[PDB]
Amino acid sequence: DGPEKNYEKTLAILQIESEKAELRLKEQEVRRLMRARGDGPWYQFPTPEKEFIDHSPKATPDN
Amino acid sequence: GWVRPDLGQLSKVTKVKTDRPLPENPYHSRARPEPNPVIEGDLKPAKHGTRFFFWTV
Numbered sequence: 081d082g083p084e085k086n087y088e089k090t091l092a093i094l095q096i097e098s099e100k101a102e103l104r105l106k107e108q109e110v111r112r113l114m115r116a117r118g119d120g121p122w123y124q125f126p127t128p129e130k131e132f133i134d135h136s137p138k139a140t141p142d143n
Numbered sequence: 115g116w117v118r119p120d121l122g123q124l125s126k127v128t129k130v131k132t133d134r135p136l137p138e139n140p141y142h143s144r145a146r147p148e149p150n151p152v153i154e155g156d157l158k159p160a161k162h163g164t165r166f167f168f169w170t171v
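These protein sequence lines map, in sequence, to chains h and X.
Each residue of the first sequence is one higher than the last, beginning at 81 in PDB author numbering.
Each residue of the second sequence is one higher than the last, beginning at 115 in PDB author numbering.
Fair warning: there could be bad hints in the mix.
List of simulated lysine to any residue pairs, SDA-like, C-alpha gap at most 25 Å [to be verified]:
1) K126/X <-> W116/X
2) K126/X <-> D134/h
3) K161/X <-> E88/h
4) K158/X <-> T140/h
5) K131/X <-> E88/h
Facing chain X, according to a computed beta carbon distance under 8 Å, are these residues of chain h, among others [as the list claims (entries may be wrong)]:
6) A92
7) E99
8) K100
9) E102
10) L103
11) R104
12) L105
13) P126
For the record, the hints were derived by calculation from the structure and aren't laboratory data.
C-beta atoms are modelled at their ideal positions from N, C-alpha and C, and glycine is treated no differently.
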């Protein structure tokens, strides 16, 4: 084939590898912020379940 | 004219009427912290696959 095919497939390969590179760097930035601040969907560490708190009137009033 | 209550009667839960207002925050609790914002939208495939080193897919 002519030189155009290899030349333009290289650009296609370059675009993919470049975009994977920036996606790889961005994930590490996201993970760092999510783990330090706990404000994202990841690194959500468990806390006690509130559905097992008893809310009934107790034997004594001041509870 | 005092009639002695029967067995079981004094242990009943009863309703009482009161002009006292209902306390609104009896525990004096603070405002709860706001939940994390939820991310919305439909799922798409991972962009360029797994992106694990040299694996293409």
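Hints and how they fare:
For a cut-off of 25 Å, the pair hint linking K126/X to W116/X stands: about 19 Å separates their Cα positions. A C-alpha spacing of about 22 Å is found between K126/X and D134/h, which places the hinted pair at or below 25 Å, so the restraint holds. As the CA atoms of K161/X and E88/h are separated by approximately 21 Å, the hinted pair is consistent with the 25 Å bound. A threshold of 25 Å between alpha carbons decides the hint, and for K158/X with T140/h the separation of about 55 Å lies outside it, so the pair is violated.
For the suggested pair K131/X and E88/h, the alpha carbons sit about 85 Å apart, so the restraint of at most 25 Å is broken. Checking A92/h against chain X: minimum C-beta separation of about 12 Å lies over 8 Å; hint violated. Annotation: interface hint on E99/h holds; nearest CB of chain X at approximately 6 Å, less than 8 Å. Satisfaction of the interface hint for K100/h is found here, the shortest Cβ-Cβ separation to chain X being roughly 5 Å, below the 8 Å cut-off.
Restraint check, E102/h versus chain X: the minimum CB separation of about 11 Å is more than 8 Å; hint violated. With a cut of 8 Å, the hint placing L103/h at the interface with chain X holds, because the nearest CB-to-CB distance is about 6 Å. For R104/h, the shortest C-beta to C-beta distance to chain X is roughly 6 Å, which falls under 8 Å, so the interface hint holds. The restraint placing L105/h at the interface with chain X is violated, with a minimum CB-CB distance near 11 Å, outside the 8 Å limit.
Given hint, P126/h at the interface with chain X, is violated; its Cβ is 14 Å from that chain's nearest Cβ, farther than 8 Å.
In terms of the numbered hints stated before, the structure departs from hints 4, 5, 6, 9, 12 and 13, listed from lowest to highest.
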